[PDB]
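Consider the single chain below, provided in structure tokens and representing the form deposited without the named molecule.
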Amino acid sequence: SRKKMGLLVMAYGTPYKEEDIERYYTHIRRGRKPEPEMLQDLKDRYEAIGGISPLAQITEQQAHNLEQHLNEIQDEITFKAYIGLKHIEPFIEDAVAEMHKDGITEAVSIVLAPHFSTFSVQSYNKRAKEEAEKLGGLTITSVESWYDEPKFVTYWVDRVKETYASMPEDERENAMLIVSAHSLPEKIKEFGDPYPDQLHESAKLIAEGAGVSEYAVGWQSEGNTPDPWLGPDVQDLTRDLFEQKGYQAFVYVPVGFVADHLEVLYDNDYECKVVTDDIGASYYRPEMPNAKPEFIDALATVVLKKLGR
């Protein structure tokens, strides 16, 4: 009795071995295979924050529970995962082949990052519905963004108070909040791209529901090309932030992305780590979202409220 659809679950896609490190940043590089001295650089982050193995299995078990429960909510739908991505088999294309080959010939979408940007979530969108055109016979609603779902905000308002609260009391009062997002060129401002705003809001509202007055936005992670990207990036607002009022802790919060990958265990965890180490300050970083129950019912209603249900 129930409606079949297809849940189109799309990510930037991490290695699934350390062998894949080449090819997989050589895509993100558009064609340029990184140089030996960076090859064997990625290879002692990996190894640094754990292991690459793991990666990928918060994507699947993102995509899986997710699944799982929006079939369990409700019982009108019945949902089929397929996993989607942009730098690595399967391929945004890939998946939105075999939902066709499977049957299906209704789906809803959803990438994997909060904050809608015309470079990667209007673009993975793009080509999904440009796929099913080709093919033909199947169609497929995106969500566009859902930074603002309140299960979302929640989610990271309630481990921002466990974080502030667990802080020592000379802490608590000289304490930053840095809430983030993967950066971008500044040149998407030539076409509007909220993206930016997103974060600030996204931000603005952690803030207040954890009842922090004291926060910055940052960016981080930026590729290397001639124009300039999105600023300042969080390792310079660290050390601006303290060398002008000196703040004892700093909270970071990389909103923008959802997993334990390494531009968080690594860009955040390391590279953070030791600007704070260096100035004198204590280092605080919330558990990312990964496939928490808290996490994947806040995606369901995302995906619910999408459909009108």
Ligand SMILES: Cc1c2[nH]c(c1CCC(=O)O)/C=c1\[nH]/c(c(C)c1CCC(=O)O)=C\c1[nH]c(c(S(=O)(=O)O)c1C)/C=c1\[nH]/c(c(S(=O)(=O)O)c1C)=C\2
Second form
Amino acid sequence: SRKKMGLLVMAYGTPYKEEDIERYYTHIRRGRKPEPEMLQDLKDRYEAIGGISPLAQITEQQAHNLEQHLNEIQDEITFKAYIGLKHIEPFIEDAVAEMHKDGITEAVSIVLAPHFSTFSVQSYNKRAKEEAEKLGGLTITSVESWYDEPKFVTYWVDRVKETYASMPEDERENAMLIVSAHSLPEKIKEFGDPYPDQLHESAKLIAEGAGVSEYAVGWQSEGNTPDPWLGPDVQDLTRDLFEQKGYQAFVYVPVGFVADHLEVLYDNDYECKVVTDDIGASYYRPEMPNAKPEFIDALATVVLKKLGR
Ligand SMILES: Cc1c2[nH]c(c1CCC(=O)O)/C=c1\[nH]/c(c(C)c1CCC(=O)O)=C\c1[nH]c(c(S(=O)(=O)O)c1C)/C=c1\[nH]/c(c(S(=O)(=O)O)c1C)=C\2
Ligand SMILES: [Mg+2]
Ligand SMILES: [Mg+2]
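Right, and the form deposited with the named molecule bound of this protein, after the form deposited without the named molecule?
After this comes the whole thing, all chains and molecules, with the earlier chain placed first.
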């Protein structure tokens, strides 16, 4: 009775083992293999956050859980999840090829990043649809952004509320909320890319919902290319806000990210933490969505809304 549909889940990607680090970063750096010192640095970063292998399992678990949940919450469509990654196998084109091989003719895609950008989301979507057209007989409808899905906003609002609620009286009254996503080259502005606007909307929505009056928008994890790169970077923003107003606690909500990967566990929980430790402030970073039922239900709602269901 049910309509068979592909569920194409797209993400940045993460190495599966320490031995994947070289090729993963080469790919991110557009063919420029890291020198031995940087490679070792990277290995040490992964070791410090507790290993690489758990990290890559989250994306699999997200996709699996989302398929299962969508299949249970409605009765018209049977979804089959396929993972398509930007920087490591299974690549986006691999996933689309597999769907076509498997007799999928109709699919919905979603990127595990809630904000639209020309660099990330739009590129993934183009690549997916281009491989589908190349093979023929397979259409894909693509989610573009979902940062404003009420269930997703509520996820973050509730975590933020719990964080503040757990603070001592003096910290709660003198805290700063820093809402962040992955930095991108500043040149996206020439296309009128709404990515920066969507992050400030995300921050607005979360702060408003949590009853947080003092918040700021920051960027993190920028690459090293000759052009900038959206700023301010969270490290610089943290110190600057402290110098400006003396905040005693900083709460990091890397809303651009959906899971416990290197950008959060290292770029917040180490890099921002060094800064908060230095200035004498408490560090807080609520739990990432990961594969949690509340988050999977938000994603389910996003997918079905896109389908008009
Ligand atoms: C060393 C290097 C990096 N990135 C590039 C280079 C070598 C080219 C040059 O600088 O002349 C180059 C690019 N990154 C780009 C683009 C459009 C280029 C130009 C490519 C060309 O035409 O040659 C985009 C880009 N890049 C990154 C992302 S994002 O993570 O999805 O946000 C995106 C969208 C990520 C990184 N690129 C990096 C690094 S890292 O310094 O940490 O090793 C990172 C974390 C480094
Ligand atoms: Mg960095
Ligand atoms: Mg620069």
